[PDB]
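J.: As a plain string of letters, each chain reads:
Number of protein chains: 2
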Amino acid sequence: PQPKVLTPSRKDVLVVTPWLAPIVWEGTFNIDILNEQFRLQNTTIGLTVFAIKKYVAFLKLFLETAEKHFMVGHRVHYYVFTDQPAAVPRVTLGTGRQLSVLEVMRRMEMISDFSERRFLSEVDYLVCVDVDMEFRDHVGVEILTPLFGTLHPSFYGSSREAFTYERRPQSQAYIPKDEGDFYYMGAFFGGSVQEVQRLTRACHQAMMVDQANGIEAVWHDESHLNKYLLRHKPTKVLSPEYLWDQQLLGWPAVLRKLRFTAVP
Amino acid sequence: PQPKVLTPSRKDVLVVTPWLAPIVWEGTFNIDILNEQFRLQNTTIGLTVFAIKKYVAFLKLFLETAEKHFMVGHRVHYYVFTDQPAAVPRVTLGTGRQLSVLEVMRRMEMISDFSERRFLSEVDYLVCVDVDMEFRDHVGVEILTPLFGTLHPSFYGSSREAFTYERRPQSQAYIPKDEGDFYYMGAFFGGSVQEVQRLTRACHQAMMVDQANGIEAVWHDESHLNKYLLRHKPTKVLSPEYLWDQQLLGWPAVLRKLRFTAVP
Ligand SMILES: O=c1ccn([C@@H]2O[C@H](COP(=O)(O)OP(=O)(O)O)[C@@H](O)[C@H]2O)c(=O)[nH]1
Ligand SMILES: O=c1ccn([C@@H]2O[C@H](COP(=O)(O)OP(=O)(O)O)[C@@H](O)[C@H]2O)c(=O)[nH]1
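Chains as they are written, first to last, in the deposited numbering: chain A, 72 to 175, 186 to 345; chain A', 72 to 175, 186 to 345. A prime marks a further copy of an entry chain.
Just chain A, same shape as in the assembly:
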């Protein structure tokens, strides 16, 4: 179809940030056009996931649903970080899709180390998510951009003084009470390999300083992620369609699709 300049793509939600980064909601994008632009570059997407201790139990559904909904038609490489390589279930993968097992403050440190490895040279973007989740609907190249965060589903409706940023000024994650654009969740972020290198390195180095000063930020790496994305603004922001909990929050009308949701 033809975009119509005089008709809003959505009349109920903000679809662009004040720094002109798209906020990704159903009805904002034509997936056919995006798929073509990304296929033209033979894009490869790395997906990182941690499954430590009892969390290995979530991988089977996480992977099977990824195969149905995540970047289908594109090249995908899953990187599973685990303390149990033998517990990784053997999930059949579509063509162009691969999985590697990496045996293991941790997430940022580890992604930062892995992100700098030469075997990542084929990969174009990295997407970093929680494992206690399942895909229910399309998650595709509409998310891909140099740097993106995701709105925490519990705060997208909130004002900034209510955001659980780190408020102690001795913490590297410190954000003053009248500062802040959005509250991003540490459960889904990513960007090009270079931007994810920069982000995870910055968060890891900041946390190290906090540790050397006897402070642990209130929400741990998520606090440092919010500090980083305040100072280095994401080039796309994912709407809560991309990170949801239907048991705790239902299915409000503003969410036309629930794409990637908590497992009960």
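Keep in mind the hints are simulated off the structure, nothing from the lab. Be aware that a few hints might be false.
Since the list can't tell identical chains apart, any single copy or any two copies may satisfy a pair.
Said to hold, decoys possible - Here are the computed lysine-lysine pairs in the DSS-like style, where the Cα-Cα straight-line distance is at most 25 Å:
no. : residue 1 : residue 2
1   : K139      : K338
2   : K258      : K314
3   : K82       : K338
4   : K131      : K338
5   : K75       : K314
Starting from the structure of chain A, add chain A' with the ligands where the hints point.
T.: Positioned in the frame of chain A, the structure of chain A' with the ligands alone reads:
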């Protein structure tokens, strides 16, 4: 202020294309944030303008108004292409701003040649406009992106079969009747130096082929510009606030600012 996820930045216009490029309207951007991000990189903007024959008469107002409204606070280098160097008026410039005179199918060919010169090595973005115009209001770094076009003020409300694309299939500028996103005007386009190299080279090479085949596209380089931007989609699109004619079109309510307008 704080962006509010549940409140549209505009309820009367489309603010993002179906490929997630921002469409730049007043109320979509916080200029303070954009100015800071661009100052952090010490951005230099080149502005190209042609003033041939009687058109040299428009430079004095074009330049004086540019100095009031165009990229103020950033580094700017005007490139005036003229058959009359002595007719270039001597306009006083703000700090960080410079002007060069270049003595002269033409616009694309010439920008393409100039855009590949090494003396452009300081410049980060190129903006290419008509000279029979004046700035009335802010035109700033909100436009800057790898590739942008501007909606032709006469067609932003139209359907695509009404767009004056080149319709003969022997022309390189050929666009089929059920294809097309927008009709862009050849009076205001730009992007990073590299994307403007690519665009002007493509349009110039396409026109050369049309000439070698005894065809002139209906709207000349604007036809080839539309063909190029159909196949290589702009990363921002400027709303008609950025290219207007108040004598012919008035001041409709959807235009909250008239930034860059035709001289009567
Ligand atoms: O014992 C654990 C605790 C956490 N995690 C990983 O760290 C993420 C964050 O924990 P939860 O998912 O427990 O955190 P929120 O994402 O903080 O609910 C999980 O998704 C897993 O990917 C893990 O693998 N094993
Ligand atoms: O004799 C001419 C004709 C055109 N132009 C340049 O080419 C642009 C396009 O012409 P007009 O402005 O006459 O074209 P539209 O932009 O086609 O009205 C002008 O803005 C000038 O920048 C010029 O300098 N001298």
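J.: Checking an output row: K75 and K314, CA cutoff 25 Å. Within, between, both or neither?
T.: Answer is between; shortest inter-copy Cα gap is 16 Å, intra-copy 29 Å.
J.: At most 25 Å between C-alpha atoms: does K139 with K338 qualify within a copy, between copies, both, or neither?
T.: within (15 Å within a copy, 47 Å between copies)
J.: Are the CA atoms of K131 and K338 at most 25 Å apart within a copy, between copies, both, or neither?
T.: Within one copy, since 23 Å is at most 25 Å while 55 Å is not.
J.: One pair to classify: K258 and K314, alpha carbons no more than 25 Å apart. Within, between, both, or neither?
T.: Cα proximity of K258 and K314: one copy only (18 Å, versus 40 Å across).
J.: Checking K82 and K338: alpha-carbon separation at most 25 Å within a copy, between copies, both or neither?
T.: both (16 Å within a copy, 22 Å between copies)
Violated hints are absent here; each numbered hint is respected by the structure.
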